[PDB]
Structures are given as C-alpha cells and as structure tokens.
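Only one protein chain is missing from this complex, and each of the others stays in its spot.
Chain lettering (A, B, C, D, E, F, G, H, I, J, K, L, M, N, O, P and Q) follows the sequence in which the chains are written, and residue indices restart at 1 in each chain.
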C-alpha cells in the first residue's frame, strides 16, 4: 500500500501552518499521488488539485495529530478492505472512506465542488471490478 | 283429569268448519255456541288445575 | 279436478269430425273452462277461444283416440303435479305440459299467436305461488 | 311508564264513537302525551297532532276492544324491549312497534304523511343512544 | 304360466320386421295379426295370473 | 375491627340520594353532613390502621 | 358397403390407360356413386364430376396397382371407422381419409377447387350425426 | 421538574380573584416559564402570553382548589410520562396533557387561537426526539 | 427350423444396398432378384407353416 | 470429411506468407469448399470469397502454427458437435465454432461485413433440421 | 494482581465530571491531571502484564 | 520414479517468474530454457510410462 | 287493482270484522271464499271509486285480516264461494256477537 | 326447405298415422325409408307450396312421430325405401285395423 | 342550540360547581334533573345570546362536569326535575361548603 | 422454387416410380442421391416452367415418395449422387419390373 | 439557522478542540451546555454572517464533535450552562494541553 498518501499530510499542514491534520489533508494527500486510483477517479470528475487547494484555503502546537474524525475515517477505510483486500488499504479505500464518512471538511469540499457521492462510489467500484463482468 | 275436553272440542271445531263449508250457517252457529260452552268448561277445568297448584 | 277439459276436447274433436284427439283439441278444451287458471293465463296473454279456433281451422272416422303425443302431454302434466303438489292435476298442469312438450299442433298455435313459452311458464308459476313471495 | 297513552287511545276512540281500538287510536294516543320521546320524534318530522287527527277523520256499538293488529303491535313493542330496556317499556317502543308492524291504519297515515320509516327508526335509536357516539 | 309366451312374441316380431323389410306386406300383415292374437293371449295369461294372485 | 363503617357510609349514601330525589334537601344536607363525619371517622380509623401497620 | 367405388376407380384408370391407380381415381370413383354421402357433400361445396375430370386431366401399361399413398388412404379410412361404424367403412370414411391424408393428387384437386378441408370434415360429421344437436 | 408552573397558576388565580384554578390557569401558568419546551412550542405557533391573557379574560373565595378537570389533566400528564421518562414530568408533559384532555377552558382557548392540536403534539415530539433520527 | 432364411435375406439386402451405393447396378439387380427369390421361398415356407399350424 | 478446409487454410496462409494460421484462414478455408453447408449458408447471406479476401487483406519466417484462439475454435467446434447429433464434425460445426467464439479476426470480418451472428446460427440449424418440423 | 486502579480511575473521573458540573474548573483540572497520572500508572501495570505474558 | 520432476518444474518456473519480474530477462531466458529441457525430459518419462503400459 | 283480497285465519276473526268494522262508506260488492278451512274475503269496487280510496279501504281491513297468500285467479278457480254481495250483513245476521 | 322427415318407432305408429291422420290437402310426394327396424317417413312438397304450409303439415306429423334423428343425406344412402309416392294409401290397403 | 347539558357524577360535584363557579354573566335559565343516582344539569339561554357565547359558557362547565351521555328528549321524558331556574342559588342556600 | 425433393424409403419404391409413373411432360433434369441407405429424388425445372406446374409435378410424386426430411443444402454436401439427368430411364434399364 | 450545536463525548475532546481548532475568524457567541455527563457546544452567529460561512464553520466542528442528538429548545430548558461567550479561551486557561 502507498502509505505516502498519509506521509505527506504533516508537510501540507506545516506548509499551511495549521495545527491539526484532518479529512481535507487526506484529500490533498489523494491529490498528491497522481498514480492512484483515487486521483484518477477524482480527475474524471474534474476535481483537480488546484481547486482542492483553493477550497481548502477558503474553508480554512507545532506537533500535529489527526482529528477524531480523521482517525475514524482511516479505521473505516480499513473496514472497506473487507471488500476482500486484506490489510492493503489503497488510495481507493481511503476515498471510499471519505465517501462513506460523509461529514467533516472533506464532505464539504465534495459538496462545494458538486461531486455526486454515489457516482464517485460507482466509479471506484467499476475501476476495481472486471471490465468485462 | 282435564284432557277429556280437547278431543270433543276439536271434533266440534271440525264439524263447525264442515257445516259452514256446507253453507249451513244456522247449524254452524249452533256448533259455535257448543264450542264456546266447551271452551268455558275447559277454562273451568284449567282454573281448577291452576288453583290445585 | 277439472277433468271436464278432456270431455270438451273429445266433444270438439267429434264436432270437427277429426279422427284424433290431439294437442289442439286439448288446447280448445282449456279455452272452454274459463274458471281455470289456464284460461285466465292465456287470456292475460290475449290468447282467446275464437282466435284459437280460427288458428286450429287453418292448421287443419267413428271411435277416436288420443294422438301418441297427446298421451305424452297428459303423462307429463301429471309429472308436473308430482313436482309441485302431488295433490291433484289441474288445468295449470295441462298447460304446463303443453308448455314443456313444445311440439305438435299446440306449439304451433302458440307460435302463431306469438306467446312466449317462458313468460307463460312464469305467469302460471306466479299465479300459483304466494303473492307475498 | 306511559301506559296513559293506551288510556288516551281508548278515550279518543270513545269520543269518536268508533267500535274498535285500532293502530290509529294508538297513534293518536301518542300525540296526547307530548312529553314522550315518540311525540318529540314525530314532531321533529312535523307529524303534528292536528294533521294526524284530520287524516284519521278523512281515512275513517258499545264496549270495545283492540283490533287483532293493535294486539300484535303491543306485543311486538314489548319485543322491541329486547333493546334491554325491559325493566320497563315506553312510547319509544310503541312507536318502534308501529314502524316494525308496517301494516294497518297507522302505517297508512305514515305513508300518507310521507314519514320515512327508516329515518324515524334511526331518529328514535339516536334519541336513546349515548350522544358521545 | 306366462313365461312360456314371451319369446314367441319376439319370434313373430322379428319375422314381421324381416317380412316388411322384404316388402312382403301380405306376410307382414298376417304376422301382425298373429302377433296381435298372441298379445291378447299374453294379456289373458297376464290378467289371469294377476287375479290368481 | 375497622371493617365496620363502610356499610354505614353506603346506608347514608342511599338515604341521601333518596332524600334529594324526594327534593327533601333539608334531610339530604344533614345526611351529607353525617356521611362526611363518618368519612372522616373512617379515614381516622384507616390512619390508625396505617400507623399500626 | 359401396365397395363399387373402388371398381369405378380401377375402371377409370383403365379407361385413361394410366399405369397406376391413385387418389385421383378414388376421387373420380366417389363422383361415380351419387347415392353416397361423399358425393352429396362434395356437391354441397359445388365440387362436381365434370370439373373433377377436367382438373384431373389437366393435372396429369399392362395391369394396374394402387399407388403407395392410395393404399395408405384406404387403410386410413378404415381408421376413420373409429367412429365405430366398424366393418361398414363407406364413402364418408374414404372421403375422411383423403381429408386426413392431405397429400397427393387428390389434395391438389381440392386446392384447385378451393375446397376448405376442415369445413368438409365438419360437413361430413354433421351429415352423420343426429340433427337434434 | 416544572413545579414552578403550578406556583404560577395559584398566583394568577389569586390576582384575578377567581374561586377556582382551572386549565386556563395552567395555560397562563406555562407562560411565565419561557425556559420551557411548552412555552417555546406555543410561541412557535405564535400563541404568545398577551393573547392568552386576553382570551382567558374574554372566557371569564381565597381557599382555592384545582377544578375536577385540572386535577384530571395533571394526572394525565403524569401518564404522558409513559414516554419512558422518569417522574420529572416537564412542561411538555403538562402540555401533552392539555392536548390529550381536549375539553375545558384551555382546550377552547386553543381552538380560539386556531391551534392545530395534532400539529402541536407533533411539534413537541419533534422537540423531544433526536433531531437526526 | 423355418427360421433359417431371414438372416440370409438381411445379408443379401445389405449387399444389394452396398452394391447400389457402389453404383454397381448390374450387380445390385441380380442381388435384388436373389432377395426376391429368397423372399418368395420364405413366404412359401411361412405359408406351409401357416397350414401346419 | 471437412479436413480439406484446414488443409488449404494452411495453403492460403502460406501463399500469404503470414507467420500464423488464424481464424481468418479458417474462414477462407470454408470459402474454398463451396459444396459445404457453411459455404452455402454464408453465400446465402452474400458473404463470399472475394469480399472475404479483401477484408482479410485490409485487416492484414518459419513453419506456421494455429493461433491460440484458432486452436480453441477447433476444439469448440468439436464441442458444437456434442449435440445428440455427434458422429463427426463438418464445415457446419467449424462455422458454429466461429459463431460461438465471437472474438478475433473472423468475428471482426463478420461484423465488418454486417453479418448477424444469431441469424447465421438459426440459418445453419434450419439447414440441418428436418424441414417438416 | 493488576485490577486495583480502574475503580480509582472511575472514582476520579466521576468526581471530575461532578466538579465541572459545579463549574469548579480548577478542581476539575487537578482531577483530570490525577486521572491522567493514574491512567499512565494503569498502562504501566498493563505493560508489566503484557511483558509477563 | 516419474513423479520426481514436477517439483523441479515448479521451482524453476517460479524462479523464472521472479527473475522476469525483476526484469532479469537474460536470466529468465536461461531459466525458461531449463524449464523447457526439464519439460521435454518429463514428457520422455511419460512416454516411457506410456510404453510401460 | 279494482279488487282487494285478505285472509282471515278463523270464523271468529270474520265475526269480529262483521260486528266491529266501521268501513269507509263506499260502493262495492264483496265475496267470501274458503279453502283449507281458511277464509278469504274479497271486495270489488265500482269504477268511479279512485284507487287511493281503495288503498285506504284495504288498509282498514288489515286491522283484522292478514294480507292474502293466494292470487285472485287461484281462488276463483279452486275456492268454494261461501257468500256473496252482503257478506258482513249475512254474517252478522247468522251469528251472534263476540 | 322442400322436405321433411319424421321417425316412427314402430309399424303400429305408422298404421295409426295411415288411418287417423287428416293431412292438410297439399301437393306432395312421400317415401317410407327403413333402417335397423326403425321407420322414417319423408315428404317432398312441390316448389309452389309455401314454407308455412310445410311447417303446418310438419307439425301435424309430430302428433304421431318423432323428429328425425338421421339426415336426409344419410337416409338416401343407407336406408331401404320400402314404399313410395302414396305411402298412406298403400299402408291402409295392406293393413287392416281392429 | 339554545340549550346545554352536562353530567355530574355526584352531589359533591354539583355543590363544588355551586360554590366555586362564577359564570360568564349571561341571560339564561337552568334545570337540574336526576336519573340513575346521577345528576344532569341543563341551561337554556335567551334567544339573543349567540352560539359562541354559549360555546364559551359550555366550555366553562366542562371544568366540573362531563359531557352529557343522554339526549335532551330522553331526559325531558324520563328524568325527574329536582330544581329549576336558580339551581346554583338554591344549592348554595341548601348546602354548606365543604 | 426451381427444385423439388422427395424421399423414397426403399429401392422397390423407386423401381415402382420408374415403371408405374408418367409425369406432366415437362422440361426438367433430375438427380438421385443416397444417404443412410435411404433414397432421395430431386428434380430441376427450366426457369420458364412456372411455380404451379412445379407444384403439380411435386404433388404427383407424393403418390409414391414422402416429403423430404433433409434440405437440399444438406444433401448436396453429404449425399452420394447415384444417378443424374435420366434417373427413371436408367432405373428401368438396369432393373426389371416386379 | 444561525445556531449550530454539536456534541462532545468527553471533556478531553473539548480540550482538543480548544487547543487544536483554528476557526474561521467570524463574529459569533458560543455556549457550553452539559447534560447526562455529556457536553454540547453551541454557536450563535451574527445575522450579518451568511448561511454558508455558518455551514462551513459547522463542518469544521464535525472534525472533532459529533452532530447534536438533542434540539436546541430541549437544551435551553434542561441543560446546565457551564461556560459562555469565550468557551475556548476559558477552557484553554483552566486546562493545560494534552
């Protein structure tokens, strides 16, 4: 699993001089790994990184910690791996997390960039499934 | 022993019906009189039977 | 019972010199007993003796007998009495006979005088039944 | 109980010099007792006493008795007491009698004065029943 | 003892029916006459037996 | 025994209801007073009972 | 039974010098026996001998035999005797044979003479059955 | 619990020299406690205190008592606590009392101020329940 | 027994069919003639048996 | 049997100098045997030698071998000969193969010549089946 | 024997909640510190347990 | 014994698959050659087994 | 109808009618029939009497008699005519009071 | 139609018809078919006779005989013609009555 | 309506009403009936008093008494009148407060 | 159609057809196939011969042969041609009659 | 609405919010309620702030707190007010960090 999606959020928070790492820093993480299924899916909805940065700045201790919901959505992404992917949560599982945990800053960025949550789910499921059924 | 009237009064009734069917109205009227008399005699026996209990 | 109907049938047959006593001679019998339920019913359909005579005349030696169907009509009329009453046959049953045994001269006299067979049956039944239903 | 309406019926028949105590003399008896449920109900259909008198006169010696149907009506009213008021009986039950035994001079007066039997029964039943439904 | 006769009726009946089928009306007529006579002799035995019972 | 007064309450109740049905309000008022006194006495016995319990 | 119809078929075949006896010769046979049910039925559809001759002639040495299908028609007519006429197979059963065995020369003579085959079956059945329904 | 509301009812009754403490004195009761669910709900229907005061005056010694129906309302409010509350019977339970015991002065003041009583019940239930179901 | 020829008829019949499949019509005709003779001989034995039955 | 279609499918490919024997060479193999059921059926759809050649030309060394799908087509044709009928394969079974295994060059030639796949299947099945139904 | 702190944790936590309900924030803060200290001590005991396991 | 080779086939096959996954194509090619030779040898053992029955 | 028929279950009920009826003064003829020991009373009004006065008269009869359970044509056929034209007067003459 | 057919169950019924029928004086010819011992009588009228005189004559026959249970078509094939053109006269000639 | 009727379960409730109620000052007459050991109070207003002042006055009574379970016509027939025209004053004169 | 095609169950039925038949005199060519020990006969008509003369000829064949149970498409592939163009004449040459 | 309410399951989560939240600089008042040993945070914005800056601020809260499970009217009734107007500052004064 490309854990680099997490292992950048401190760097964005520090760049923004924030004092927490939250569901929108996860979303910026997905933008920061353009290999990822999640990046491709969101790009197919034209949710480009520059607009995410714009909206995150618009909506918004030295050491940093996950918000209680960010912690929950990570552990929920590891529950989406109960779609039989063992413990290898990929970027798609994190995105299915943020799609299922439809609250907090990420859910606003989606609503504010007009993402249909169900179509995002469907697009991920179709990206993973056998394309000839 | 009361029931000895019932047959005679019914015979009288049947004879009344026959007589009036014959258009023998004057005879049927005398049958009616007899019937009425037996009716009161039945009622007398019925009163004795009642008052005995 | 009005057995006199059959006496009238035979007397009309003899008067007409016909060598047989058929269903038309029965029908002429009924129209000569105006007391009867049968005569009243037929008169209520405006079938009447003079009309019946003139129909029989246009429709048509020594000792004489019932036709093979007239015998069956009589037996059938008794079978109607054996349904409704078992008590004695009467003019209503002879007419119900002619109404069920719908063949022979009488049936054509009815057809010439436009009488509806089922309505005549109903009229006889309603004449016999209790008018309070 | 209003047994007085029977006394009124007899006294009316006497002053009318009729030889029978009929169902119309009962009806007049009810009109003589204006306290009664029956009088109030009939008044609600505008079956006023004077009209009943005029209709009875229009429609129509020694000691005298109930007609066989007046007897029938009384006995039947004591069967309308099977509404379990049978600790007594009253004007309401007599009027339910005259309604149920729908023949004789009283029923003629009702038909002549256009009184709908079904509405009269419903009105009496509603007058007896608890108005809290 | 009527049961001796019945089959004699049927014999003549069938013979008559064959004769008329042959258009032998003279024979059929005589056979009919015989059949009638036998029928009366049958009814004679029948009503005699009825009365003997 | 406490269970000695309620029947007197019922008696006075029925007497009151009859008196007032008779429009005999003077009696009905005195009967009401008696009932009230007996009710207080019953409650007092019931409190003594409650405290003995 | 009118076995003569077969003699007509053979004699017609000989008269025409054909080397075979076929369903056309059976059909011509039926028209040679005007007593028959079959002849009447065909005439009721206005199939008639002269037209049959002309149709057969336009449509088409030594001793003669039945064609292999004519043999089967005969045997099949003895199966139409399952209307229980038993040994007395007759012109009606032959015609019902040709109607069931709807192939060969006869079936085309029917088609050329526009005959409705199922109506012909019904017509034969109605001619055989009791006309009291 | 809301016992402060009864302490209002006494004082209003004394101020108005009434010889009784009725359901209207409960309703005027509730209006001194704008903390209460009930006061907020009624204000949401625009049933403000000044209006109630005027209506109660339009609808209308010393040793005062609750009316026989006010007592009934209080008991019934403690029955509305069978919505699994403990005996702490809030202003809302009193108001649900007046809403169920739809008779007496208060129940008329509701109709006089056009209150939809079932909508009032629904509004109270929605105020109590979890707003996210 | 009688039952000695039918198998020979089957043999000759199959040989006939093969010969005509080979277009050996001159041979097939003689095979068909032989089959016919054997058929007639079988029928004659069958009718002798029919009479011996 | 049909083994010639393979035998000159190879010759076709060899003259074309292709390094493989593909489903296009099977199809050309069928066109080269115009006796065959398959050739007749395809010709009935106006698929024909020259058209097939020009399509295979526009769609497109050691000794040659069957492509991995051509192998499967042959095996599948033998499976299409596992009907109740199964005595041998023939040109019809190879064409049934190419019709079931709807992939590769031949299936594209069919689409590129507008041939309807299920219509061809039906046409072959009808060519094999008893036309008496 | 580890299970000797969690009840003390409960006591302190409950007191903390009561204190902040009283708006006694400084007492709540000190109770919160104590709770944290005992929580660390419980985790230390849990680590001793884990390592003895 | 024939059943002694397929394990070596699996070994060499997996080594090939890893080597090519490592992009060690020259090594993977020599491993393929080995697998091919062992496959031919196994087919020859199977041919001997066929001829043994 | 111009004719009215009612059933009396017994001679006593006819005698009741004969003494205690006070009929609407009307132009009519009456006939008394019997079958089954059961009396039937029939009235034949003049054509100048209207059908509603007929109905009114009939409904007075219902005070004593039952409504008829046999048709006119049946009774005219099967029933013995016991009296005619003056049925009430004849009864009241032949029979003493109730 | 021009033709009517009726079934006689036995020779006695035909003799009854031959003696006791008084037919409507009409221009027609008749035939006596027989099968299975049952007799079938058929009458063919002239073309000028109206259909209703035919229906009348037919109904007069039904006094003695049943409606036919076999068609004309069937009878003309299977049935033996016993007598023709003057069936009644021939019957009354050959058969006396008691 | 001109008339309002309410049911008092016992004399104590009537005495309560008589002491503790003060009515809307209105032109009316009142009647007190009894049946079944049970008291029914009825008020008749002047014809000039409108339907809604009546509904107001009625709704004040429900503080002490139930809605009636018997109709006006029933009570006017069967029920004994106990008091008339000044029921409250008569009660308060005859009975003391609790 | 230009062609018609019929099944003979055995050689004897073909020999029958060869001796005991005479078609409508027509411009046609014929072919005799065999499969399965079973004979199939096909006739090819010149394009000026109309559909109904063909139906006529076909219906004459059915006197001896059955309708075919195999298509022309099938037979041209699988079936051995036994004779051509003069089938009947050839059969009559090679085989004697019955 | 101008009133946002969110539920904090424990004091530590409120302390987390008080230290780590970086709210949008906005004109509002805040209140801290408790019931059931459970903390509810409420914010009352100025009317001049737009509804979407409110939705934004609310959604930032959901990072730490749950959505409220009790209505505002209920809390204004039953809930004890713990702190007002400067909740975060007061918390951060009374409590040290993590």
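As a working rule, a contact is a pair of C-beta atoms (placed from the backbone, for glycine too) under 8 Å apart; a residue touches a chain by one contact, two chains touch by 3 or more.
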Candidates J:4, J:69, J:100 or J:121 - the one touching the absent chain: J:69
Residue in contact with the excluded chain [from L:23, L:51 or L:53]: L:23
Residue among L:11, L:32 or L:34 touching the omitted chain: L:32
For chain A, residues in touch with the removed chain: 35-37, 40-41, 90-91, 126-128, 130-132
Positions on chain J where the hidden chain makes contact: 18-20, 22-23, 58-60, 62, 65, 67-70, 103-105, 107-108
Interface with the unshown chain - residue positions in chain L: 16-17, 20-21, 23, 25-26, 28-29, 32-33
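Just so we're on the same page, only the chains that are shown with their structure count from here on.
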Chain pair among A-Q, C-M or D-O whose interface repeats that of H-O, sharing over half of the contact pairs by residue number: A-Q
Distance between chain centroids, defined by C-alpha means - chain C, chain F (Å): 92
Averaged-CA centre spacing for the pair chain P and chain G, given as whole angstrom: 26
Where chain J and chain Q are represented by their mean Cα positions, the distance between them in whole Å: 76
Multi-partner residues of chain N (each touching 2 or more other chains): 67
